[PDB]
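Given next are the chains, with one letter for each unit.
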Amino acid sequence: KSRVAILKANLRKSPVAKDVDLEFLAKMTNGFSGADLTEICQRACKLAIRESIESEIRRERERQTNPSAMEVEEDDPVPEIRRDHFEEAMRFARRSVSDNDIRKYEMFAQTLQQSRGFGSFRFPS
Amino acid sequence: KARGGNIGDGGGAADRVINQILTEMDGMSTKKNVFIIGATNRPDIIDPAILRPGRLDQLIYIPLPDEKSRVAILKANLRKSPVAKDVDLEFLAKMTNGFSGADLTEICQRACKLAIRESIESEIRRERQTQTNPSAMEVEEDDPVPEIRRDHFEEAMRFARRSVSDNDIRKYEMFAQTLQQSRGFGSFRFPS
Amino acid sequence: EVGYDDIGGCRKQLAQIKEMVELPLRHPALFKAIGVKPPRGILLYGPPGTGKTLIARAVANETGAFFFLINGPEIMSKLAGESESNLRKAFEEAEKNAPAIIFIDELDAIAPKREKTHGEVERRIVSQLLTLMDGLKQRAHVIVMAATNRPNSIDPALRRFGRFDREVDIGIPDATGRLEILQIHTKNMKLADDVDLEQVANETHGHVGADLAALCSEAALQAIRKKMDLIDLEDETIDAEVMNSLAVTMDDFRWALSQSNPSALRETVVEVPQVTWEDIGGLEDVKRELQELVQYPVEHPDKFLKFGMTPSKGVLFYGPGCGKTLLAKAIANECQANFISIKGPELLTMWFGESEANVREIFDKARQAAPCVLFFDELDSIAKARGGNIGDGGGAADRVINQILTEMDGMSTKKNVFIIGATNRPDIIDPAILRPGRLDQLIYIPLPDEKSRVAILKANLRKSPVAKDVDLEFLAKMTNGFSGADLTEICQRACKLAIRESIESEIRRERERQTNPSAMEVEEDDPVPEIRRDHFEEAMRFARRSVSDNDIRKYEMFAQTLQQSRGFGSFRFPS
Ligand SMILES: Cc1cc(OCc2nnc(SC3CCCC3)n2-c2cccnc2)ccc1-c1ccc(S(C)(=O)=O)cc1
Ligand SMILES: Cc1cc(OCc2nnc(SC3CCCC3)n2-c2cccnc2)ccc1-c1ccc(S(C)(=O)=O)cc1
Ligand SMILES: Nc1ncnc2c1ncn2[C@@H]1O[C@H](COP(=O)(O)OP(=O)(O)O)[C@@H](O)[C@H]1O
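Same order as they appear, the protein sequences are chains L, E and A. Adding 650 to a residue's 1-based position in the first sequence gives its number in the UniProt record's numbering. Adding 583 to a residue's 1-based position in the second sequence gives its number in the UniProt record's numbering. When the letters of the third sequence are read in order and numbered with the UniProt record's numbering, they come out as residues 200 to 519, 521 to 775.
Each hint should be verified, as a subset may be incorrect.
[Unchecked claim] Mimicking SDA-like on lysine to any residue, the simulated pairs with C-alpha atoms at most 25 Å apart in a straight line are: (1) A/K426 with A/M449; (2) A/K315 with A/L278; (3) A/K677 with L/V722; (4) A/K696 with E/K584; (5) A/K486 with A/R625; (6) E/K615 with A/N660; (7) A/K651 with A/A632; (8) A/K658 with E/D640; (9) A/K211 with A/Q398; (10) A/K658 with E/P774; (11) L/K651 with E/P774; (12) E/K584 with A/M449; (13) E/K754 with E/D640; (14) A/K754 with E/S765.
In short, the hints are calculated from the structure, not lab data.
Next comes chain L alone, as it looks inside the complex:
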């Protein structure tokens, strides 16, 4: 749930198509940190931007050769981050936090734990 919330927060500004199931992406990210999810979202946005710039440019380059040649239709080749962009991003998905240093954090949390044997403590009735 925290991963889903982080993904939603990162992608709020970016225009994301409703077809992309963000919950599936969050659940597939087994142990990604918030930084890793932000990196994945940034990579997806970068992929979308590169595709949009290349497609609009290559269309304009061909169109500019003949003056007024093709129709004046106002096409948006990529108007939202698509699913393929999210697969493109996940291909480079990385686990920043190794399980050994998570082991160390849980170790320090255990050492900070309130010892043992006082759970059943009860005042005499």
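With the hints as your guide, set chains E and A with the ligands onto chain L.
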């Protein structure tokens, strides 16, 4: 432990006896009846091959006895000895915050020893009294200490000690959480 | 009488013996007009109780040769100075009934001298037997077959040319042969319909033909004890119909198997693995490479000979529970070649005991059972035992690996034995192992993929009753980096949870009838007949990744430590 434990020998954990035990276990299971149980106070130094599947894989952690467990241990240790109903055992078990089974056994043994010494000394003196002053009518009052009393247990507990320090319990807790079932599947649900 | 039908086990050395002995015996007149030397002696060796004497008797009966049996201790038990007369008379009598077969059972008693050769009279017996055996004037067709537990137990001069020049290792029967032995030993007891002899055969690993017969007899005796004793109606001869009314039930066979104590479980097994490529879900590049290296030289030896290329006879699997042993078994199964597995405990035992001559014996055994896939599982065990980070002061060379290298260098002659090595620590493996002529073809086994994980889960859960509701593809995909061992553990835990729930539930339900006896008995069957979604969810709750990503990183390093350079990728010839 014999080969070390902190630095040890230059070689790994493998040794002749454990290797033979592994070979016998691998060649075992045919009998369908023998069941191997292993106990170790130093799980960190145990050979990892011992824990592979087909070997002693099911690791079970035995923690220090709880208050109720301590009461049961005290009762078992004192079942044979004559213990006066006055001495409350639940209070003694609860008082022992972290005593191990061995520590409780030592406390019970020390209490029994104190009672035995007191009884021997008392009847010995009482025998002097008849030898020194022969009474006209023989009337034995029986045993001056027929069962273990509160004072014996208090004196014994005076010498009670915790054999197991909290640092070695911390290492065991570490290994236990070193067999940690991950941290991402706790909510695994099938798609429906 | 006894024949090929009686000879069970289908161990495929009886066929070799047949091919050996028909023409010398089945067509004796043929050798009279053709100048050829037949097999003067055949040494059948193997664990006791494997039917060597039975095989010899069956061959003698099926070929018509006069069978003569010279029991080892029968002659040895005779008085000194007249036992030699017994041996000489036995050979003369066998000579008279040409063609004849002389079988020497327990040959390791007449000529046990392994150059130690204690005593005086036994030296006379061995020397005279040698004179007789070498004294065969190639006239007539007497074939001398002898039985011995191991080839090295008998006097070496008996192993020399012309005395016993060819040897056959009958060996322990396999599951298929154990089943056929059970069938032959269970043919007049009117076996019950419930008992199939297939489950017993699979659970009968470690038994020999004598062991199988003893187990069958014990099951029959249990059946006789359970019934027909309560009635206690007995006479001089039990009625045939009354005895036939009983049927040996599966329970009796199960108890007998529990009370078996097989007479040589420890003996090494030479068996065609039953594992198949189906058990492993993937490794297509690895599967094809293994198929190439092993299968191609034999399936198409002519094409290998045409290009003048000698195929590599060694492959070293390296990887993190990923199925290397299973892959080796599968490759052996595809080629239908015998599989010999040398696990790490055996190597460690040879190293600790300073007994590396066992490597010579292991290689000889692999050579005899050709085609074979000699697999050295977890070959890095000795290096780990000596260290790995600092280790001993010396280098990677050790006694056991050196002996293995010597045997491999002296190998390749056989053209059939194929060495497969598996190691989880490629960094510490001795470099000499990877030199040409050794296990040079390094194959990396990676963690199973999603599809591979699905296949592994299916293979682990094939036997267990799994409800169709529980989706397996979802579980495999959910396990991002679980190893084959981890998936097996998850499946085992799910099965354990289901078993505990079923036991607890039926136990309570039985209290329920005992506490409140119902007027009409109507069992609702099993409350949990198959493994459900909740069992798998609880089991996965405890799922764990045994293999950390750092050790996978080290394996990736070594893999790219076998990097094909970085400048030739575009090599083009000048044209
Ligand atoms: C049925 C079975 C019983 C068994 O053995 C039971 C047993 N008896 N005495 C003992 S020992 C004694 C008990 C107290 C002290 C020790 N055991 C035993 C076995 C294992 C662990 N503890 C005890 C093994 C294995 C099996 C089977 C499981 C699956 C399949 S299939 C092809 O997938 O359908 C085939 C066969
Ligand atoms: C023709 C040939 C066959 C061979 O052997 C084939 C073989 N048979 N059974 C087996 S074993 C069994 C198979 C499955 C499990 C193991 N093999 C075998 C050989 C190598 C690797 N794997 C198997 C060797 C070497 C040669 C040759 C190559 C070049 C030349 S020239 C002078 O340059 O023109 C001369 C000779
Ligand atoms: N494959 C088999 N088929 C039928 N009987 C067998 C088989 N294998 C072993 N036996 C039993 O083994 C018994 C004795 O074993 P034997 O043939 O003398 O071998 P060995 O001399 O090595 O001990 C025989 O009485 C026979 O019943």
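Practice problem: Could you tell me which of the numbered hints above are not met by this structure, giving the numbers in increasing order? | Solution: The structure conflicts with hints 3, 4, 7 and 12, although it agrees with all the remaining ones.
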